[PDB]
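A single chain, nothing else alongside it, follows as C-alpha cells in the form deposited without its partner chain.
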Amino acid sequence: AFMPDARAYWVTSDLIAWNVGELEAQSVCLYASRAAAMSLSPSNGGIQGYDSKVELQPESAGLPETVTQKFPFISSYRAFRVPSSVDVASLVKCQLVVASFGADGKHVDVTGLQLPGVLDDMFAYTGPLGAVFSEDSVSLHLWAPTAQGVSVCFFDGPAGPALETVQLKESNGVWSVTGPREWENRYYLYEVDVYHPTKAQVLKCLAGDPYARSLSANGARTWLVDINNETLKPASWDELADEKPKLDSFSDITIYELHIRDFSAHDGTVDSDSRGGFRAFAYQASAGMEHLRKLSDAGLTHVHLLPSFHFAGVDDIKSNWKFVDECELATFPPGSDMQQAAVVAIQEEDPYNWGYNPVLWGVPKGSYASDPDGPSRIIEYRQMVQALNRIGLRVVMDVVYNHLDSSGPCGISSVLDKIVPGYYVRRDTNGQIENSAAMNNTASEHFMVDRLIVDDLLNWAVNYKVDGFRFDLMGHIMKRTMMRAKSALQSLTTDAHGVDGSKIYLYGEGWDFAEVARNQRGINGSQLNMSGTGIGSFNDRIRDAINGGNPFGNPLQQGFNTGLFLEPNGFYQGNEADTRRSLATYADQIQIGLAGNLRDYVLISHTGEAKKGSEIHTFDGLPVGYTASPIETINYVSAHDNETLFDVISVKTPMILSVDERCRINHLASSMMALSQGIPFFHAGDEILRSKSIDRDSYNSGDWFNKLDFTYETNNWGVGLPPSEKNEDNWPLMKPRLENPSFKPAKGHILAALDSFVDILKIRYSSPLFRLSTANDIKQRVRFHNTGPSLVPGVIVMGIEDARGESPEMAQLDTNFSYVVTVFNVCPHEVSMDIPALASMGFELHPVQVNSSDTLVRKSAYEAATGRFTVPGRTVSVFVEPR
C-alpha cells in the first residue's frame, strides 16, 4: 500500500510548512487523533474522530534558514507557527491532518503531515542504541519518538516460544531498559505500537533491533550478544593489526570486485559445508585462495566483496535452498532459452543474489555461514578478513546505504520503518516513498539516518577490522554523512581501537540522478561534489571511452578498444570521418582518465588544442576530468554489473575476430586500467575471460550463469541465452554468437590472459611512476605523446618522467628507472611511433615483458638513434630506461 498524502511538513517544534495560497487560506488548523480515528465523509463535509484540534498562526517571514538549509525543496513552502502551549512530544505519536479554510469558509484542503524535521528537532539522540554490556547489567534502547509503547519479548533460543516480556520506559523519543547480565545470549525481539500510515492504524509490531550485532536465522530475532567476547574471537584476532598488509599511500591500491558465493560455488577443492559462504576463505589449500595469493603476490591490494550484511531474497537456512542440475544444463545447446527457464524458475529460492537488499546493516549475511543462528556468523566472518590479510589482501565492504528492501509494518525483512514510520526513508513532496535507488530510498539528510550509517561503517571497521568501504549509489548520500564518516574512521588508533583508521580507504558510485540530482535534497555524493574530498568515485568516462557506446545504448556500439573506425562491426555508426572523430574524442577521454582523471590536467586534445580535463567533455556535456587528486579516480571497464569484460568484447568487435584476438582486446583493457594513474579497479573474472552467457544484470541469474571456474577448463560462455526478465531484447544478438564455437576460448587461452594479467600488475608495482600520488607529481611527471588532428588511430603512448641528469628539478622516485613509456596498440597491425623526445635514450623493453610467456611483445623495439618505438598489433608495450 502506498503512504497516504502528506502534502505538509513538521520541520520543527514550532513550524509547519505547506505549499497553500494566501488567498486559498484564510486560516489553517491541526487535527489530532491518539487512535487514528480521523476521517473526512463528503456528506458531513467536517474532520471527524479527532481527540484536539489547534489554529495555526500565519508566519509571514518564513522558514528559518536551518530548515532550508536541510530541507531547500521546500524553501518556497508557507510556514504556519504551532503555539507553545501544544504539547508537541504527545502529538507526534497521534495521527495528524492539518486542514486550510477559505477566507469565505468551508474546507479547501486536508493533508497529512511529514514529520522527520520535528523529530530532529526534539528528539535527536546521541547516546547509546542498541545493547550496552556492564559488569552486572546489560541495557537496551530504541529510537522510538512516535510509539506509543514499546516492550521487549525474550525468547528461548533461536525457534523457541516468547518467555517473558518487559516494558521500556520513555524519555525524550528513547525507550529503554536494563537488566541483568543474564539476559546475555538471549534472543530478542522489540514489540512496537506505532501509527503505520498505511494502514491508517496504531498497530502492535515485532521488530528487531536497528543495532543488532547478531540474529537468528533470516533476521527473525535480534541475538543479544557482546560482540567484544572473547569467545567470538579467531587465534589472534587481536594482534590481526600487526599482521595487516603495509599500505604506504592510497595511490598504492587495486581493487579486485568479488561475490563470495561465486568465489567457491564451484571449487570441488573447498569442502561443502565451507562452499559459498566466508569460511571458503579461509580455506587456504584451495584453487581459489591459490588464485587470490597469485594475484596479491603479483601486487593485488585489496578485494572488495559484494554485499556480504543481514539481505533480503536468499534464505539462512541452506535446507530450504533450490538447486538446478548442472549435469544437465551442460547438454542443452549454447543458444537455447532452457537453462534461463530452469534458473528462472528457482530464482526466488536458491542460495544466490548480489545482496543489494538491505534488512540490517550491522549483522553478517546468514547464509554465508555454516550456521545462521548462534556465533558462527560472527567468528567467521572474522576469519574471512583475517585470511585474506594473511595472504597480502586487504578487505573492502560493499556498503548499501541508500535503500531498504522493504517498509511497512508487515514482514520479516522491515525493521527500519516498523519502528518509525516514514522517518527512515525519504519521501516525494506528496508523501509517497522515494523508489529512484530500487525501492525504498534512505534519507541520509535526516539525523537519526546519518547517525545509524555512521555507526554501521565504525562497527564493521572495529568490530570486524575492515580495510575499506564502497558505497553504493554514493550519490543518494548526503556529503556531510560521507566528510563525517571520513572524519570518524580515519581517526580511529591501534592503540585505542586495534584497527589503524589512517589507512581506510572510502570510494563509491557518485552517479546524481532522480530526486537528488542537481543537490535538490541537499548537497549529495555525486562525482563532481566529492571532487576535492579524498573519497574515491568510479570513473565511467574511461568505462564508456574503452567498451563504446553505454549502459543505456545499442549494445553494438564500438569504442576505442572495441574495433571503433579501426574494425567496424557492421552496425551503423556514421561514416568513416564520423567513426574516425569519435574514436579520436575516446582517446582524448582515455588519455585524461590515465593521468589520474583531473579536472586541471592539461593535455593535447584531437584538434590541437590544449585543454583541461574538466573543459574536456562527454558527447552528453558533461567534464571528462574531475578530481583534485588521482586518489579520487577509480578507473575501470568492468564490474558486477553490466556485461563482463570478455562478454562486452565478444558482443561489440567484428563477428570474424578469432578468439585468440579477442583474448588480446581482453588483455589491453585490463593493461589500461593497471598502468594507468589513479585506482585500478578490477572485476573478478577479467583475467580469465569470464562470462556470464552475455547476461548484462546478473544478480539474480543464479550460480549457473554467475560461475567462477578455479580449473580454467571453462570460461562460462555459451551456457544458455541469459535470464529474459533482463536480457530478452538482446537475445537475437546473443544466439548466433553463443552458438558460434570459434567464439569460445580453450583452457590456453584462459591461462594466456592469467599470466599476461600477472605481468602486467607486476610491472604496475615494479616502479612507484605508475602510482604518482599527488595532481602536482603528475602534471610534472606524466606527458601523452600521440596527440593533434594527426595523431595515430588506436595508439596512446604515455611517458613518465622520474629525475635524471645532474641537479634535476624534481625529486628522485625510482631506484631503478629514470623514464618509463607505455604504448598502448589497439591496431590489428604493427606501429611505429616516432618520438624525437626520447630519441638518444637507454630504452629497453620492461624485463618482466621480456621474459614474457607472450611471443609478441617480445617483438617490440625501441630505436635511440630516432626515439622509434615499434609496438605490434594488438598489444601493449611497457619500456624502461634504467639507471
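Residue numbers count along the first chain shown, from 1. By rigid core we mean the largest C-alpha set that fits within 1.5 Å across both forms. What changes on going to the form deposited with its partner chain bound:
- Put the two forms on the same core and the Cα of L23 is off by 2 Å or more between these two forms.
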Second form
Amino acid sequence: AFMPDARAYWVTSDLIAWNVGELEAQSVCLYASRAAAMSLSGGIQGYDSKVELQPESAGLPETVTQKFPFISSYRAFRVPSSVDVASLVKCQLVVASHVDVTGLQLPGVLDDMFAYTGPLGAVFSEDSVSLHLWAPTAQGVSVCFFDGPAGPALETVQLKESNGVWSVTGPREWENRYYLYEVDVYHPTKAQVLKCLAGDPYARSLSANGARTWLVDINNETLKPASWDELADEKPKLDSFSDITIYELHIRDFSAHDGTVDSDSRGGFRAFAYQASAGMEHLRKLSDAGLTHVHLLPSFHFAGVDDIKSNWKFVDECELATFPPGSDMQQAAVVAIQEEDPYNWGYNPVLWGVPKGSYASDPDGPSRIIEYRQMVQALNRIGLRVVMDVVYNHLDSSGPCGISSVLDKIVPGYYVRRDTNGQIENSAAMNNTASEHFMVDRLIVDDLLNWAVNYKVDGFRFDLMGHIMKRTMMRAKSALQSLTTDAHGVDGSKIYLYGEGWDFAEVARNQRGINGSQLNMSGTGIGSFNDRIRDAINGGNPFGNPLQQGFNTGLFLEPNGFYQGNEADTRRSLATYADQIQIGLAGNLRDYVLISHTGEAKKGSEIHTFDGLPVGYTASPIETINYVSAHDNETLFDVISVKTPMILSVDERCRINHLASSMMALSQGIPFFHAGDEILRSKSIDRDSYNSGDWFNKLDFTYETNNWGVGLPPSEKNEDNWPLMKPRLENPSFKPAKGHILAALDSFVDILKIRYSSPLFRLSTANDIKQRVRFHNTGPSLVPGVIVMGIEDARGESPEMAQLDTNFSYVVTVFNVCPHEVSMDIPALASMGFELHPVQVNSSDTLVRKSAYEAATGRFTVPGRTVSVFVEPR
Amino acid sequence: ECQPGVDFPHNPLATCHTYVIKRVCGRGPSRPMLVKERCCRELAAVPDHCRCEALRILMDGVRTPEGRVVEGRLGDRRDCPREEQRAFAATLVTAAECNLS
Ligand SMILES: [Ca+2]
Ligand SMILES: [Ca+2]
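We have the form deposited without its partner chain; now please give the form deposited with its partner chain bound.
First the chain shown before, then all remaining chains and molecules of the complex.
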C-alpha cells in the first residue's frame, strides 16, 4: 500500500521547500490526487495533475525563514500560477524526483491563503443561528443534527465554503439541538480520504464523553446562577499582584473522601458550593489567614475518565486496609482498574472550551456549565480568586479515528507539530500542538477569553509554557487586560498569568521561534516557577538520586549515609544552596546584589546553577513563583521522609515541613503551595500519581490520616525505588498522628497572617528590594544552615525612602535548620528596638516562644528547626 | 586529573542514571524528553577533557581506598541487566542523543 513520508514543505502559495540535490532539483514534478488513488507499479500511477516545479536560484526569502528557522537551508521550488492552489490542498499530494517520493507539510501555505479572523463556532442572532468551521483542506463539510444525546439524526445540511471557512445560516429553532460535523478529508496517516464525524473546536457544551456538541447560547438566563452578572462587585479585593498566594488543588481529591458531602457531589463542581462541609471550612480558614488564589488542576474536557459514572470501577477499601503498610498488594488492585476508575489529573486535552462532564452531576444537559459558575462564585464569596490550569501544549489523540480526536480530525497535520520527516512530535507527552501556526494561536487566545468572560476566571497556569510561543503569551496578556466591567463584566487588569517555563526538545534554543521559556519570559510580567529555590531546599533534583541532600534536608548538618563527598565538600555545597535560596527570597531578581559564600558581591544573574544557567532571571518580583512542591513529583512530607536521616522522629520532620513552607510564605515574590502541605500530605512516596487512583491521592479533612503507609506505590513509575521505600513505610514511627497534622496546620495559618501583617514582605518593584532587603549571615565566617533576612522601612527624622508600614519600621526573619539552638551576633542590627512578632508570642507551639533579642550586641537566639520573625514597632 | 568534586560535581550524572532506566527498562517518570534534556545539560556542563571520565563514573563508579564503590554505578534492575544498561549509556554522547564531543 502507498504510505508516503512527508519531507517536503509548502510554505507560501507559490513556493515549495525541499532538501534535495542541487542537480536532482531539475527533475521535480508535483502530483495531485483528489480521490487519493496513487500507487507504485516502476513510476507513479493514478494521478489527476502533473506539473513541473522550477527550482529557484536565490532560495527561501527572509519572511519564510523567520517563521520556520529549522528549514532555512532548504532548496526553493516555484509553483506555477496555472495551478489552482485552493483545490490541490484538498488532494493527496506528492513531489517526485533515483526515484525519491515524499509528501508535503501544508501549514505554511494554509496560513498564507486561509488565515481567518472572523466568527467561528456558533453565532446567535435574534431570528437565526449560524455555524462556522475552519477546514481549508476539506473536500466537503456537512452538519448532522440530533434531537437529543442518544436519538437518530433529524436533518443533514450542506455548508458553503468561503476562504477556507465552511458556513451555514439556519432558523432560531436550531437552538438547543445536538450536532456533529461530517468532514471528508485526506488523512496522511491512513493515506486515504475518510468521511469523519467530528465535534466543534469552538464548542461551549457537550453531551456524555463528547459524543455530540450542544448548540447552546452561553449568554442564556437559564445558565446563570443568582446574581452572576453582579459578581464583579462580589470578587475579593486585589490591590496588586504582589499580594498573591496560590493554593494548588485537584477537584476530585478535594471531596472524594469527604463524608460530609453527598455521594452525587463527591469529586465534582458541586462540592465547592456546600454550606459547611469539612473541605469548604478548610479553605475558609486559609482564606481568612491571607490566602488569595486557588489553582485547580485541568477542569476542561479531557480524556482518561469516563463521564458516564456507572462504568466506574472501585477498589475494596476495607480489605485493602488489612494489608501491611509496605506491601505491593494495594497497587496491584488499583492498576487492575486504573483505566476505568474515576481518577486522572486531566493532562489529556480534547476540547479546551467545555467543562469536564465527569465533574458534573449529569454529563448531559446544562449541569456542567451552571455548576462550574457556582464553583467560581462560591470561592469568590469566601474570599478566594480562581486560577485554571490550562494545557495548550499538547492534545490527547490524533488521526481520523477515536472519540478523543477532534482538532486533528478536521484539519489533519496542522494543529500538531511535526518533524522534518512528517512524524508527530511527542515531547510534551503526546501529540504536541503548534502554537506558531496562526489558527492554533487564535484558538488559544479565544479560549482564554472564553473562560475569562463566560466563567469569570481570575488567572491561568500554563502547563509547559516553553512549548507555547511567546507571541501567543503576550497577545493573550494584552487581550485579558483590556477587558472592562462595563463592556464584558470582568475587570481584566486583575487577571494574573504564570506557568512552567521549561526549555527542552525540538523547541529549545528558539528552534521553532521565540518560545515561552523562563529566560525569554524575563521582563514580560508573566510568572514562572522558580526551580532553583525548589532544588536548593529539597536537595538534588526530582529526576536525580533520591538520597541527594539539600539545605532543608541536612546536607552537611545531618548526613544520611549516602556518599556526597567529604565534610569540606558538603559544607561548601550547603553554603552554595543557601546563596541560591537567598536570591529567591529576594524575588529571584537579575540585578539584586548579594554577598555569596566566598565573600564576593554578585548580582542574581551572575550567580549560576551548578549545571549552566543563571539563578536570578527576573526583572520584577511578580515574575517569580517560589515553591517546594506541586502535584508533580513527591509531596513535601514524602521527600523529607526519604532524604533526611532515617533515625529521626516524625515530630522533627514535622518541623522541617514547616520550614520549607514558611520560606515560601515569607519570600519576596509569589508563594505557591501544594494542597496538603499544611496537613502533612503523603502519597506513600509516589512520584507520578496521575493515574494512581483515589487510594494514593487521598486528602483527609477529618485529619485522622495523612495517607502515609498505604502500600508501595504503582510499579511502572516507582518499582525501582521500592527497596528504599519499603522499610520507611513499614516503620510505625514514620506515620504521624492526629496531633501532628493539626499542629502543622495551625503553624501554617500563623505564618500566612505574619506575611499580611506587613507590606514589607510584599515589595512590588525590583528597586524596592535592592534598597530594603539585606542578608546578614554571609561570607566565609557564616554560621551554616542559618539565613538571616532583614527588611528596612522609612525611620527616624527625614528618611531616604518612603513609608510603607504603619506599624513596623524594620522586620528581621531568621531561618534555622540546625538540630540545636543558635546564638547570632549581628553588629548592624544592634541598639535597635526589636521584639518577637505578636503572632509567635501567642503561638500554640511552646518551642517558638523561647525566641529572644538583645539590644546590646544585636543577639538573635532562635530555637532549633525553627523560623522566627522579629519586628521593630513604631 | 578529572576528580569528582573538583572538576565536576559528586554523583556526576544522577539524572542520566534515571534516563537510562526509562529508555532501557521502560520504567520511570513521565515526560521522558524533559529528563533527557537535564541529562544532556549535566553532560555538557562537564569540561570536554573530563566528559569521558564522568561518563565512566556513571557506568562503573569510583572505588574508594576503603574498597567500595560510591559515585556510581549502573546496577541490576528487574528484567533489566547491567550490560544492557551499560551499552546505551555509552551512546549518550552520540549524534542521535545529546550530541557532545
Ligand atoms: Ca482571602
Ligand atoms: Ca485512571
